[PDB]
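First comes one chain, alone, set out as structure tokens in the form deposited in one PDB entry.
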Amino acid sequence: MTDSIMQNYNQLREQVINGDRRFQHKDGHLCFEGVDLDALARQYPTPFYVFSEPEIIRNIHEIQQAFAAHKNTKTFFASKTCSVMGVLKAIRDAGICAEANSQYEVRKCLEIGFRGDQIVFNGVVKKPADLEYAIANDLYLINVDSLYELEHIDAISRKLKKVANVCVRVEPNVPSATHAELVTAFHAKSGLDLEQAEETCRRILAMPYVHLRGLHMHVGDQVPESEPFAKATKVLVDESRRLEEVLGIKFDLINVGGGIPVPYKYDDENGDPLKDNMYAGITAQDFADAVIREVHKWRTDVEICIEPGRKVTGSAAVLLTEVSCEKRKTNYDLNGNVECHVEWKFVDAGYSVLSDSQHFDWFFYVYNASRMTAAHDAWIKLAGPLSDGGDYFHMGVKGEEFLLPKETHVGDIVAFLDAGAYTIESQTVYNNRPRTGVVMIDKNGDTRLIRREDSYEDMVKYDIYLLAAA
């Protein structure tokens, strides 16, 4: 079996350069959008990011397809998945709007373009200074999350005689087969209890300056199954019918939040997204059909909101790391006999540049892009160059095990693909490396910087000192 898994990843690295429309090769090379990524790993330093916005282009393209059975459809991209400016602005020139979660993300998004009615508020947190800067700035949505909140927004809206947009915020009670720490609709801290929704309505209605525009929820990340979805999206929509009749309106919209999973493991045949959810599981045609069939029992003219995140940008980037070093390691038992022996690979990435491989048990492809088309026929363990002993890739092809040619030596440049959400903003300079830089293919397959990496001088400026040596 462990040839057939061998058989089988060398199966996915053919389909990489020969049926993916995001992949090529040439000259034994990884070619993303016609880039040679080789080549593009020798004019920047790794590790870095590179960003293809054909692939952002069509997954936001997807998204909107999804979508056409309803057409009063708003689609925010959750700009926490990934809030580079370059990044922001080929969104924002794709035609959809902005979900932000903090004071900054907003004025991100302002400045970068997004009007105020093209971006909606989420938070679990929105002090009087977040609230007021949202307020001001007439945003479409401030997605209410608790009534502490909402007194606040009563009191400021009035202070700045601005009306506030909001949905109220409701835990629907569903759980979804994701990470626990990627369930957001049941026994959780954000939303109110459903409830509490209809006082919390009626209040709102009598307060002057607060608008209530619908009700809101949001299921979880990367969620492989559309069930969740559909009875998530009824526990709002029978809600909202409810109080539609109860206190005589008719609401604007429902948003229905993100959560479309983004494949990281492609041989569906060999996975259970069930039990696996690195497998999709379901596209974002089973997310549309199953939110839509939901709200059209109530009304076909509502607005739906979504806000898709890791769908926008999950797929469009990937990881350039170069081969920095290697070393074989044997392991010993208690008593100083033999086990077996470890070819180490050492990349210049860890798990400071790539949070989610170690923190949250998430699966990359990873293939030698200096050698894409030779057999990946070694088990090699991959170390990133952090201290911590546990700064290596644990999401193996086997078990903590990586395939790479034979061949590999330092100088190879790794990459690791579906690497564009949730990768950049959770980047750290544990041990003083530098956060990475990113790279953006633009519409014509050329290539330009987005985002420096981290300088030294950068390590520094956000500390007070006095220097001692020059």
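Positions refer to the first chain, counted from 1. Here the rigid core means the biggest group of C-alpha atoms that line up within 1.5 Å when the two forms are laid on top of each other. Compared with the form deposited in another entry:
- With the core fitted between the two forms, just one of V338, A129, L274, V246 shows a Cα displacement of at least 2 Å, namely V338.
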Given for the second form:
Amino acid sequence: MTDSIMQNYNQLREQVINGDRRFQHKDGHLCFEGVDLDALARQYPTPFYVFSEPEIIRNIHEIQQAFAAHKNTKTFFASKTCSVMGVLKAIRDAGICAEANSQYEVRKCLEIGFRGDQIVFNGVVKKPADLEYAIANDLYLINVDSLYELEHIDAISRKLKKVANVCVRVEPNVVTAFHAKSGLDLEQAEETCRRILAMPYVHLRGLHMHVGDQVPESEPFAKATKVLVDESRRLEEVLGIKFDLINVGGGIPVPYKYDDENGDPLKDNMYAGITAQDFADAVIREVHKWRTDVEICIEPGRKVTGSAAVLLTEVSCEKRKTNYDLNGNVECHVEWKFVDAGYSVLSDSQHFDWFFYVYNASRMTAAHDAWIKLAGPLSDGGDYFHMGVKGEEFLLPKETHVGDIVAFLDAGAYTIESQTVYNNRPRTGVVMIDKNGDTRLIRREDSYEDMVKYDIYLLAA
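Would you mind giving the form deposited in another entry, to go alongside the form deposited in one PDB entry above?
FYI, this one's just the chain on its own, none of its partners or other molecules.
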């Protein structure tokens, strides 16, 4: 029933402004950490993302509190989730470490103040130049993803006369051969470790795995960790060593739909099937069957920042399209609202069928009582938001007007670096709400100069 769907969506809306730790209402507008988002979107050109340092901190608290039963836990934010420097700075100041996924990610983590001993460098393609940069900067871990790459680590560590600290990525078969490009097979772990021990400037620290992203059950983490723990225990015996650590990766999910009573996480993984506590319980229980003193490294990405941003986008056009029958009578009307952000700004809404709550931030206390379709500004028929409240339809106040600010919630993970300049619309500015509730610009909107500065061409003037 649409009425029931509409009723439920407006219960969720009221819970946003009366129940959510992030949000309030003022002057009829959605507020984030006490910042009126309508007013903010009159101060900065839309579309833009606004991050909350307070919410990042709360998310980091949930993660670390979840691991209270294991004191030697080291937490590395997976920076492919978001690497805007001011976001990395908030995460650094909140007291955790960083995982990096390219040479330039390593460099920006170092620049913003993560020490080498606070950085893990992972990857399936770590070219000699990448490895040389990482080894020269004394990173806490460089993962070993393949035997081919390991030969470069040996050669380059010898060349620099600097120890490379490594963890061997093993991807358990919980078809992994066909569908998992990353890591070594379990069967290869022993000889790989044996070979690293013999290398003069490579130091074996432990094994690594990463299950995946937005994982809706605890069992995959428990099963995969058990495989890694059993192999770690066995190799300690066979090789006569004591591992420094085990790195169990990331994948803690974030709620993108909150009404769990109406959702099946295994069918719709926008429902978060598990909590950080569930992830920690599964991991710690398995590790403690082997050692309670070993360091556990975790690599959460999405959970750190996902809930901690909103995309603000201005309703910039409207139209009504009407389907008529062959006698000219109306079959239905469609109310299109156009916002100034499309899939070049919010990639996952299109490419990964990702749901984000959508509300009229300018009319946040008004009933969202009109079915509408929400379109982006790209000259591209597929640039509209398909992941609606009911099918492809969204709910906004019937009073919605051009000039209102629409907010997409839970827009803090995998939303910035994935933007494009398709249609030569610019990638967005980014604003940060700091711990004091003050705002500042932390990324500019791309300028026209940015569209062409990369190009090499004969000028005309």
